[PDB]
Amino acid sequence: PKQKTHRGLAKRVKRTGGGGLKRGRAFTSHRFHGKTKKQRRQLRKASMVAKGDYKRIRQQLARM
Amino acid sequence: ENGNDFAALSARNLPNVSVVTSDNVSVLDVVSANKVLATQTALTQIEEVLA
Amino acid sequence: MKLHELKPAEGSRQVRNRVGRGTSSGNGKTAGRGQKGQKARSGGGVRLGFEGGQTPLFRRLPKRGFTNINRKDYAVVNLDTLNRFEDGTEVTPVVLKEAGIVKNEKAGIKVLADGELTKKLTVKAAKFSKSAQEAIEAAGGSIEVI
RNA sequence: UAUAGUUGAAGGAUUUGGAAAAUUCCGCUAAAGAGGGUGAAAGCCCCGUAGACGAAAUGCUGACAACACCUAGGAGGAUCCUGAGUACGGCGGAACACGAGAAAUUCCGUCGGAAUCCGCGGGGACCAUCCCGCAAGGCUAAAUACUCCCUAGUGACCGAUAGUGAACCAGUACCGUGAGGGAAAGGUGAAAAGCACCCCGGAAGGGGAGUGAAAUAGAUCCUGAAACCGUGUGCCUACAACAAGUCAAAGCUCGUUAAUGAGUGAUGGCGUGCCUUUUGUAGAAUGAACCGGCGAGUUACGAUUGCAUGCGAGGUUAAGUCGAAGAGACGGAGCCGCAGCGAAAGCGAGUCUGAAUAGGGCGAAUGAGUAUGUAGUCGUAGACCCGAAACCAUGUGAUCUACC
RNA sequence: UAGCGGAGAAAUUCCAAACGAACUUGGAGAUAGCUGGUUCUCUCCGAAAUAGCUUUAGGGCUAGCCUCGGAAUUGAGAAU
RNA sequence: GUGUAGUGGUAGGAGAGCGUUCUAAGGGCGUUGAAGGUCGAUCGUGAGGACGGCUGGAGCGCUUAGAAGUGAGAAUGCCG
RNA sequence: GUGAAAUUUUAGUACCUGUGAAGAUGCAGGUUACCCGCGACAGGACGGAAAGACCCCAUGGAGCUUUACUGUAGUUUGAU
Numbered sequence: 002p003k004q005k006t007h008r009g010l011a012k013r014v015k016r017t018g019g020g021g022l023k024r025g026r027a028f029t030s031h032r033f034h035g036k037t038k039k040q041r042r043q044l045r046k047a048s049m050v051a052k053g054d055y056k057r058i059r060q061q062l063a064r065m
Numbered sequence: 157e158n159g160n161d162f163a164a165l166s167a168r169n170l171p172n173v174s175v176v177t178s179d180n181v182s183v184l185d186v187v188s189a190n191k192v193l194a195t196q197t198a199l200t201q202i203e204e205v206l207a
Numbered sequence: 001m002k003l004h005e006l007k008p009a010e011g012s013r014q015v016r017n018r019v020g021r022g023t024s025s026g027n028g029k030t031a032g033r034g035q036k037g038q039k040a041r042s043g044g045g046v047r048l049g050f051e052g053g054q055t056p057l058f059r060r061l062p063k064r065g066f067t068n069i070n071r072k073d074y075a076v077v078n079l080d081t082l083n084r085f086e087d088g089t090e091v092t093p094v095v096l097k098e099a100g101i102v103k104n105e106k107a108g109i110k111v112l113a114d115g116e117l118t119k120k121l122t123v124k125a126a127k128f129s130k131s132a133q134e135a136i137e138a139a140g141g142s143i144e145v146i
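Protein chains in written order, with the entry's author numbering: chain 5, 2 to 65; chain E, 157 to 207; chain M, 1 to 146.
To be clear, the hints were calculated from the coordinates, so they are not data collected in a lab.
There's no promise every hint is true.
[Unchecked claim] Derived BS3-like pairs: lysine-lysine, alpha-carbon spacing no greater than 30 Å straight-line:
1) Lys124 (chain M) / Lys15 (chain 5)
2) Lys15 (chain 5) / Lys106 (chain M)
3) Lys12 (chain 5) / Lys63 (chain M)
4) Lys5 (chain 5) / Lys15 (chain 5)
5) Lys72 (chain M) / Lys5 (chain 5)
6) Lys72 (chain M) / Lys15 (chain 5)
7) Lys15 (chain 5) / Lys52 (chain 5)
8) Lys63 (chain M) / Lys36 (chain 5)
9) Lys39 (chain M) / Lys5 (chain 5)
10) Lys106 (chain M) / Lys23 (chain 5)
11) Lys103 (chain M) / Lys3 (chain 5)
12) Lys63 (chain M) / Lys38 (chain 5)
13) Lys191 (chain E) / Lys7 (chain M)
14) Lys63 (chain M) / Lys5 (chain 5)
15) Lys72 (chain M) / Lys46 (chain 5)
Start from the sequences and build out the full structure, keeping to the hints where you can.
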């Protein structure tokens, strides 16, 4: 049949134009009275996906 | 060329011959043979379908 | 080329790999798979992306975004596509297309400003980047949001 | 038109054979050179095929007759009709990709219960404007799915451990009270011409003679391998501790695909099988009694990378129609690339964040794809094969045994 | 008298030689991180038994170690 | 040609080849003996290939390309 | 006179002290020993029969208990 994509990842990942992927960081939904200001400021900026995982999930995101 | 069948009804010879109109000329039915006979009108007809 | 002398294009057909036919092929007795382990039963292997026990990547990072129900994306043609209609042809989001340039006008044709045009066409589309009108009226064309 | 049919072209001789269709000469026919059979392999011997003709009876399909049935305009808008315990609401469940969710739409059970054209339903909670329709009465061919059966065909499908379980008198023989389970078994030669007659022998069996091209083709009947069981003989062996061999070697007997030959072997040197699993094997860990036969990474649909081929800022068809189950053209709906950033409004070689022309993330600055074959890998599928103890749903059993 | 049961002067005893839940057919090629096996040949290169995390410890993912194909500057590798 | 250099190897990666059945075209063999069976002191680096003697009595090779129910000594394998 | 069975890698199947996956018919160094049988015994061939019943593991089962979790037949209460 047709290879099914993953509706669990498509709600967390945006595909850039050079090939990589985008992802918004973790540790940004809860208790902040612990993390400092640097620790909470520098976590408003999404980053990419490492070389590792793009080896193992390069198949579930085959289309989207 | 077309239904001038009186020229095909004499092509059940020794299999040295085989007959075909000008709409069914395929690859094999040419590559498999050595010489090819064709009337003068069939030549133009071929030169039509083949654009 | 005759029937009894066929030759394929060189380097265009490989052979095969039949595994488990004798210890000289290099792939007999565990079929290129090794020793025990659930990678080596019939139909072993875990699902994709699964990670032993770790909370996998897709649950370690958060969900975000939604999708507007009525977005509209156009069918951009930049500027050099136009540069073959020499001087006065009434470029149109219609039978212009009909030339092997732009099929499937998604929601109307946009026009952009990359990178250089020297003609005097007359452009009709459904949107324009502000620099594109300046380029057109720079070479002295027209425009119409039609 | 379906169920019986009729007609249907052209060859002789020679060499091998038991037998020619084989071989060599010289001829002929074809709208018929597809196939099957005959003493080996046939265009011209036989059945047929290409053609041409054909139904007393019965059935189906057309067509046109006859009969049956059905169907008319224009203008008016005073009053009447337009499907009731229905729509719909609460409550509890189900159906829609939609698991109550902000939940429209559709059903079911229970309770409550509308209006009547100035009217009613819907456009994914709900309201307003707009737009589209008229539920609570019925019928309706074709395009679609299947094949126990009959007819005619085909196959880079099998060829007696294969192919149906079953090529033969098979769902039989046999097993179980019963539901139920279920095998092994094809081949004489062209034609039985299947051995008259004699001899030993109670018979079986055998030896001559015969039939036969061939009886070592004689009914256990084409070919007839291996484990296993025998007969004869060239070389060695009764002071010897041998994973059973190989290297060295006297003598003895031979004489080949003719070459630095073959068989055997006194005597010396050296030497703890095979497979799997393990840090490690001769292991006293584990499997094989022996010979033969069968017996394990495949296919469809997707995805990705390398090789190759056709076009290249383009590539490219699908379903479907005519066609021999082909080829072989039509068919431009659709997909992929040519532009990106932003969650989004949007902006555009730029854009986002930000008070910012600051800085930073991301792309541009030449940067090529796409269709198909092929191969490596991965995904859904039983997916390399064999292997449980158990679980759920119809059935069958109290002739043994337990209670009555 | 019947298996989601029956019968038991009570033993987990009996229900067609085997009852802590009968037999027979179907879902069914059930499932097994476990065990056994997997057939022709030559040339070239050739490892590991480690760190991290895991309802993980004889399993798995990424990292390290192996192999094959390409790009580019090198002077980046090495042993003194 | 001639010099220099290298050639142990399990899991495993890479490359090139032997052999079986069938299809297509071309060219061949066969009662003056094909397939199959047995024996031989033969040839190539391998898988493997020829040639001759006997038995046997009707179909099979060779070249180029294609497709696979394509290769067996072990599963306390299954059948004789 | 008739006529089985379990078992079985091939066997021309000696003893001692060593050695070895840590107790050898088969290795090492020595000692004893002509070839083939027949009737008895059971020290050894980790002897044969049952892919440990003891123990651990399988993120395995089944049967049983309860103030383990989640539900339910059944009994009762209220509205309609």
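Cross-check of the supplied hints:
no. : hint                               : result
1   : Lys124 (chain M) / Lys15 (chain 5) : 34 Å, violated
2   : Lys15 (chain 5) / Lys106 (chain M) : 22 Å, holds
3   : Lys12 (chain 5) / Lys63 (chain M)  : 6 Å, holds
4   : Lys5 (chain 5) / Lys15 (chain 5)   : 18 Å, holds
5   : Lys72 (chain M) / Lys5 (chain 5)   : 27 Å, holds
6   : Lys72 (chain M) / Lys15 (chain 5)  : 19 Å, holds
7   : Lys15 (chain 5) / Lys52 (chain 5)  : 16 Å, holds
8   : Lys63 (chain M) / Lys36 (chain 5)  : 21 Å, holds
9   : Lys39 (chain M) / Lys5 (chain 5)   : 23 Å, holds
10  : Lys106 (chain M) / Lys23 (chain 5) : 27 Å, holds
11  : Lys103 (chain M) / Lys3 (chain 5)  : 27 Å, holds
12  : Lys63 (chain M) / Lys38 (chain 5)  : 23 Å, holds
13  : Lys191 (chain E) / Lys7 (chain M)  : 22 Å, holds
14  : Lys63 (chain M) / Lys5 (chain 5)   : 20 Å, holds
15  : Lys72 (chain M) / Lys46 (chain 5)  : 28 Å, holds
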